Each structure stands twice: as C-alpha cells, then as structure tokens.
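With one protein chain held back, the other chains of the complex are shown just where they sit.
Letters are used for the chains, namely A, B and C, taken in the order the chains are written, and counting of residues starts over at 1 for each.
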Amino acid sequence: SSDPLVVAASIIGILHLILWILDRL
Amino acid sequence: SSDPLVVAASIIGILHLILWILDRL
Amino acid sequence: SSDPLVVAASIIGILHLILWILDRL
Partner (left out) sequence: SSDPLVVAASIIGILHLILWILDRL
C-alpha cells in the first residue's frame, strides 16, 4: 500500500497519459 | 504509506501539472 | 512495498521515458 497522496498522483499521471494519447489520435 | 522521497516526487509532479495548466490557460 | 496501482504507474512512466528517448535518438 501507498500514501493516499501517491495513489492520487499515480491516477492523475495515468489519466494525463491517456488524454494525451487520445488527443494525438 | 510511502517512502518520503516518493511522497515528495508525487507532490512535485502534481504541482508541475498545475503550473503547466495555469500557464496554458 | 506499494499499492499495485502505483507500481503499474511507475512502470508505465519509465517505459514512457524510454520510448521517448529512443524516438528522439
């Protein structure tokens, strides 16, 4: 398990990547 | 909980994102 | 140890970096 802040940061990072990909596609 | 280094990295990453957004807006 | 979500996010981030470098090279 991780600090809740780190979990949130990881989810934001993933969604950032996905939104970038979809924008480019 | 997480390694203090990872917590710091996560906070830096978040603030990086926010500053980028505000710059673009 | 970390939340499985955070581990996945970290691996994705690393591979993102590597693919970017290889693209640029």
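By definition in this document, contacts are C-beta pairs under 8 Å (C-beta built on N, C-alpha and C of every residue); 3 or more make two chains touch, one makes a residue touch a chain.
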On chain C, residues whose C-beta touches the chain left out of the figure: 1-2, 6-7, 10-11, 13-14, 17
For chain B, residues in touch with the removed chain: 1-3, 5-6, 8-10, 12-13, 16
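In this section, only the chains that are shown with their structure count from here on.
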Where chain B and chain C are represented by their mean Cα positions, the distance between them in whole Å: 16
Multi-chain contact residues (two or more partners), chain A: 1-2, 6, 10, 13
